[PDB]
Amino acid sequence: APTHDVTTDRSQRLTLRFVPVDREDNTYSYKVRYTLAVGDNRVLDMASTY
Amino acid sequence: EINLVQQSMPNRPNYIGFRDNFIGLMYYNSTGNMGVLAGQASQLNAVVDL
Amino acid sequence: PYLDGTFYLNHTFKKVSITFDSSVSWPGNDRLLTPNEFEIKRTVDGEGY
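So the protein lines, in turn, are chains A, E and C. Quick note: the first sequence uses the authors' numbering, first residue 51, plus one each step. Quick note: the second sequence uses the authors' numbering, first residue 299, plus one each step. Quick note: the third sequence uses the authors' numbering, first residue 696, plus one each step.
Excised from the complex, chain A in its bound form:
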């Protein structure tokens, strides 16, 4: 394996949970917003957002 520059797991979770900050509980639809925070020196792939 590479021993440096690859990964640093220091003070980072490998997944986060984000609570709703909007909820609409309409009769046939539901809306939810999330204010994402992508930290500095991190990168997100949206293929693993679900």
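By construction, these hints were calculated from the structure, which means they are not laboratory data. Built from N, CA and C at the ideal position, the CB exists for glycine as well. You may find that some hints are simply not true.
[To be verified] Partial list, derived from the structure: chain E residues whose beta carbon lies under 10 Å from chain C: (1) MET324; (2) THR329; (3) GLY330; (4) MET332; (5) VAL334; (6) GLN338; (7) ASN343; (8) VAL346.
Let chain A serve as the given structure and place chains E and C on it in line with the hints.
Positioned in the frame of chain A, the structure of chains E and C alone reads:
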């Protein structure tokens, strides 16, 4: 005529109130009913109950 | 199952803790939602994990 000679003792004093400092009104020391105080950004829990 | 690899009791496990020096968790860089320990499965799940 023989139901004149009944006796009756008072019912027991039974005091029902709350606990000493509202003990067992908030879950502590539990998981699955654990409380979370956390950022609104990343949302990292700052409460770990064991 | 020891010699044939015919395992079948892997579904009873419920947690694993790794510690070095008896004072530092190996999952201690806060890599997991439950910070210390991996949990294999949840009994009493209300936090949807």
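Taking the hints in turn, this is what the structure says about them:
The beta carbon of E/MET324 is not positioned within 10 Å of any beta carbon in chain C (closest approach about 15 Å), and the interface hint is therefore violated. The interface hint given for E/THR329 holds, since its Cβ lies 7 Å from the closest Cβ of chain C, which is under the 10 Å cut-off. Interface hint at E/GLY330: satisfied, since its Cβ lies 4 Å from the closest Cβ of chain C, which is below the 10 Å cut-off. Evaluation of the E/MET332 hint against chain C yields a held restraint, the C-beta minimum of about 7 Å falling below 10 Å.
Residue-level restraint check for E/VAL334 holds (minimum Cβ-Cβ distance to chain C is 8 Å; threshold 10 Å). Because the beta carbon of E/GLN338 sits about 18 Å from the nearest beta carbon in chain C, more than 10 Å, this interface hint is broken. With its C-beta approaching chain C no nearer than about 8 Å, E/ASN343 sits inside the 10 Å limit, and its interface hint holds. Interface restraint check for E/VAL346: the shortest CB-CB distance to chain C comes to about 7 Å, inside 10 Å, so the restraint holds.
The structure does not agree with the numbered hints 1, 6 stated previously, though it agrees with the rest.
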